[PDB]
Amino acid sequence: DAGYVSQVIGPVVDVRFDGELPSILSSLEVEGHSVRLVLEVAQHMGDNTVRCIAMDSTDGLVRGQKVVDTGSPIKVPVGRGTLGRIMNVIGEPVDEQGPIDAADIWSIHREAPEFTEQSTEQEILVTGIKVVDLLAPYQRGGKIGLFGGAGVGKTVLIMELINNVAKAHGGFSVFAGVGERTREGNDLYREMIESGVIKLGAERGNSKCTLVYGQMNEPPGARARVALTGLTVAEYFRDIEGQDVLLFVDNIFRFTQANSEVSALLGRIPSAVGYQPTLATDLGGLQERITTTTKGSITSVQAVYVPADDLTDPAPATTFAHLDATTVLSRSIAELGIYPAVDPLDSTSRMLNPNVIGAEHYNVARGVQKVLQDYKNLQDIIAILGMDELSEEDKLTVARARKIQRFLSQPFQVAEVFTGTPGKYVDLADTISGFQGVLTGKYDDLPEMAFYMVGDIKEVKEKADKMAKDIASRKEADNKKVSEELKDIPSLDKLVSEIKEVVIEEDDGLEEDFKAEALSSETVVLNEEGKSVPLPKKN
Amino acid sequence: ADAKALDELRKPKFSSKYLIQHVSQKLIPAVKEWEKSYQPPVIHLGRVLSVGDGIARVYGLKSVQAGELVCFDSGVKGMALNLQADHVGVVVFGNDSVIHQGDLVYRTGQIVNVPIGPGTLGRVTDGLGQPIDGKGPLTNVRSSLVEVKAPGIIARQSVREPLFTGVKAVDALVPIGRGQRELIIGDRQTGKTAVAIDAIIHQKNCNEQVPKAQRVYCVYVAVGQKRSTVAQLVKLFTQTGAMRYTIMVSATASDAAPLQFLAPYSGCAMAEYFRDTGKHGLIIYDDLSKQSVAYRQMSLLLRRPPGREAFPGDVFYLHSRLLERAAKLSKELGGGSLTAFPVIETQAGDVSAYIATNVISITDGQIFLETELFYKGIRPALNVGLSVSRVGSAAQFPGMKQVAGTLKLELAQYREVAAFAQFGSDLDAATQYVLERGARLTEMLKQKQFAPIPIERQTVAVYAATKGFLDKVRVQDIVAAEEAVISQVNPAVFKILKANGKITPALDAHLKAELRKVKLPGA
Ligand SMILES: Nc1ncnc2c1ncn2[C@@H]1O[C@H](COP(=O)(O)OP(=O)(O)OP(=O)(O)O)[C@@H](O)[C@H]1O
Ligand SMILES: Nc1ncnc2c1ncn2[C@@H]1O[C@H](COP(=O)(O)OP(=O)(O)O)[C@@H](O)[C@H]1O
Ligand SMILES: [Mg+2]
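Protein chains in written order, with the entry's author numbering: chain X, 36 to 574; chain U, 40 to 562.
Quick caveat, the hints were computed from the structure, so don't treat them as lab data.
There's no promise every hint is true.
What the hints assert, rightly or not - Once the Cα atoms are required to be at most 25 Å apart in a straight line, the calculated DSS-like pairs of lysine-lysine come out as:
no., chain 1, residue 1, chain 2, residue 2
1, X, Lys-510, U, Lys-537
2, U, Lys-75, X, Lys-573
3, U, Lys-188, X, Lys-110
4, X, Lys-510, U, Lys-556
5, X, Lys-529, U, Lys-537
6, X, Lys-522, U, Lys-551
7, U, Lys-541, X, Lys-516
8, U, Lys-558, X, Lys-516
9, U, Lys-485, U, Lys-537
10, X, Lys-529, U, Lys-541
11, X, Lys-550, U, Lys-101
12, U, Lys-511, X, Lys-515
13, X, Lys-516, U, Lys-551
14, U, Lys-534, X, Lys-522
15, U, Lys-101, X, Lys-573
16, X, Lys-522, U, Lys-541
Sequences and hints are given; from them, build the entire structure.
In structure tokens:
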């Protein structure tokens, strides 16, 4: 019928069974624990023993405790009521609003959608970031990748992409938090209640998003399957409902790391540099479930933390085959102070072809690639020469190229809480010819930084007008200034007579609810009969 | 040869019993002739098979869990990290020389608990709750769960409180928060202990001003620091008075591994109490790489599989829940905070080091301290172009916040033109002036070790290089001109800006006049 935990090694525990062993990728439950604990079996030991992975911390499992079989894979409650809910890996409410108002639980482990039901019709997903929609154009229902180091600006692109595409769609979306910080988790909960994507009250059914959160605090059972828990509710809305759902998964690398933290612990030799031996079927099984079929559409948005901007590690080097549109973030362009710091060379999508979009889109983005590759091949030699002997034919594809690295920049709506400048929702054909102009020489007349953090071709000519005036401004130093006391300025002590009286009490309020109990001077132990005794005094 | 053949072996098919009648008669005199050589059968207790170096392998113990404190028969405390099939691997707190093959192991049943509370303010324990400061046991304290998971998503709010460090190299250049996880990653002997201790002495001399609801108490976790350095910092905390509002858990390098492994964990167990009861808490997890080496010692004796640099698999999860339990709660649980300082020493410049890539991805902001910048006069040797934060505005002083954009972006161009000094150009009054500006900005932003200067003096001190008042002053003597800018101005204007908090035009008129009223000794 049921079995017992026989062995605990950190975050993997071993359950023995007396006949009819559970199928692989089923769910187990322990009774008498603090929280409900789900064990997901990964391999059979051989001696009537499954080997598990732990959805929460194992600190507390006694050897021999009762383990029941649910006989079935992990079931999350899918449904239309799940919108506006912050969801766990194992189906829990962690936003503390009752149970999940949904039915028809579904197995979150399945096979990939087959080869026959594959979509090849491609639609350009216009986002609103001038480096995305020109250079690496995303695909509707396709895949969106995001690499970059820790501190280059990956996650602030993701919520910016939510404000771009997940608001102006009307349907449903899903934010799949896989092992990121709670800070960028909790802040996104506030900036979707205020932006009205997630609602509270009796309007829970008109919302647009579910949040599946497997953040960094959980042990790697939960950080390894929150990718699948966020995935299957997106694949539930695809096949049953037909709506296009946007999957915003964060830190796909943390999905592959959470596998790799216990993959050695299940009895496997480490692979290349120390990552997991089975990363191919782990990630390849993850990715090809995220597609768009004949029945519906899933537009995957993937953020990946890469360690120290090195793309030779095999845990992101399997991901490059698995992403059509890739927005590779360079720390160098952020060290230039340019946001978004999207690489003009490393970030290249699959929509970029004149056989689909049109020659007017493909030629300027290729024209961007000529002027920016040669700018990289010349900024090595500009430090030996200083750009003074080039005979005025290589001083044209440089001066525009120093402008075009600023013309990838844009103030963000989600970032204006800490940058001050208001964000732009930029369209496509207005800036393609705008990108085309500064490549051609129509805007050679302008200075350097008028291109920085702007939008259309109207705002670049109007940053120079303000900039040109500001070189005519601050041309005075004499008198009639703020520094005199004649106009409105009080004396220095009459500021001080409006200060509010701040009380200091020196005892700080620390003995009001703290139950200042006593602790034992001698360590308390148990006896063989189990009752509490002090230590029997003998070595 | 299967288990059904084993269950068929449970059915007796002997067909004769011409031994069992007699071997049952000579069994009991045999076991009672050799009765002295029998240790008793032990079920809910434990007894040691193998012991060595901090990992002791104990037979039996059917009652223990993972993470239950056990007590050996000499009084030594222990911890059950993994539980194998027939035995339980027990990690040993302290020196392990007293344990033999055959000694008793007593289960205490509880999860490991180190005493928490405000009565510990002024005491130095190790990672186990035992006092080393020579002031006896801890009074008005209580035990708490050190293995607790972090506060959830519904429990937190957006951070607002800036957490002034008292350092102009920090508060203007890297915005810190009160619930922000700030990493101090550098080389060895480069000022990492300098930046952390500058924050606490500032937070003590700004603790006797703030009214009960921004009072940031500090716990400084010493992992693997030698015991003279522990007496050094206790001498530093006492001789300014900071020990009144300072707890310090101090795991030396001459202690065992798991006392160093638990000391940041017990270090945050104190500071969760300051978060739970509405106050603000400072935590510094000093030498957090050396705590991870203290993790690597236990596993590689524990027959556990190694990975990158022979560190185990789950070492990301170690530093994750060590730095996720520091937070800023919502209004519904007091509104308390915790702000985090992990210290990671690079292996002389490996940012792709295995511990580094974990802790740079967990934490919110990082502060690079190269050994390059430490000898160019820049002390503390903060790297500006490589240091990022998260929350930006509403994480600095708000009057500083407007002038910080004038400070950061001019520093951004200056780091690009500083390496272009191989030709002697100084062309068109801009390739010299941004060299003339940012060099004085570097000569602005140096300071002294153990000199906590409040932000209200720094919002004036940041104004001296952003405006004029320094456009005729050399690159040699700004470090003795800044103090005369501090001294000769009216000492009442610093209080009213910290009273205001923002650069109003009502106060902007005074701040342009008073810096020409001062006369600079750089000449
Ligand atoms: N801001 C500073 N100004 C002047 N000297 C400094 C400064 N910071 C550090 N030092 C020098 O560096 C030495 C070590 O300081 P500190 O312990 O802060 O560095 P650390 O990198 O934390 O050292 P460790 O790596 O050993 O912990 C001190 O002896 C001091 O002489
Ligand atoms: N367009 C932008 N405007 C303002 N700040 C930005 C922009 N792009 C990136 N940043 C900065 O980059 C930093 C890192 O952001 P984040 O996505 O958290 O990085 P990571 O994904 O590496 O953790 C943020 O603090 C943010 O202020
Ligand atoms: Mg030090």
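Verification of the supplied hints:
1. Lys-510/X - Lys-537/U: Given that 25 Å is the threshold and the Cα spacing comes to 32 Å, the pair is violated.
2. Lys-75/U - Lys-573/X: holds (19 Å)
3. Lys-188/U - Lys-110/X: holds (24 Å)
4. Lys-510/X - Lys-556/U: Judged against 25 Å, a Cα distance of about 23 Å means the pair holds.
5. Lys-529/X - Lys-537/U: holds (16 Å)
6. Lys-522/X - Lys-551/U: holds (15 Å)
7. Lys-541/U - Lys-516/X: holds (21 Å)
8. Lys-558/U - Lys-516/X: holds (21 Å)
9. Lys-485/U - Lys-537/U: Holds: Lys-485/U and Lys-537/U sit about 22 Å apart, inside 25 Å.
10. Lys-529/X - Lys-541/U: Holds: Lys-529/X and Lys-541/U sit about 18 Å apart, inside 25 Å.
11. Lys-550/X - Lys-101/U: violated (34 Å)
12. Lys-511/U - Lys-515/X: holds (24 Å)
13. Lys-516/X - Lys-551/U: holds (10 Å)
14. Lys-534/U - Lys-522/X: holds (24 Å)
15. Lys-101/U - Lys-573/X: holds (22 Å)
16. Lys-522/X - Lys-541/U: holds (21 Å)
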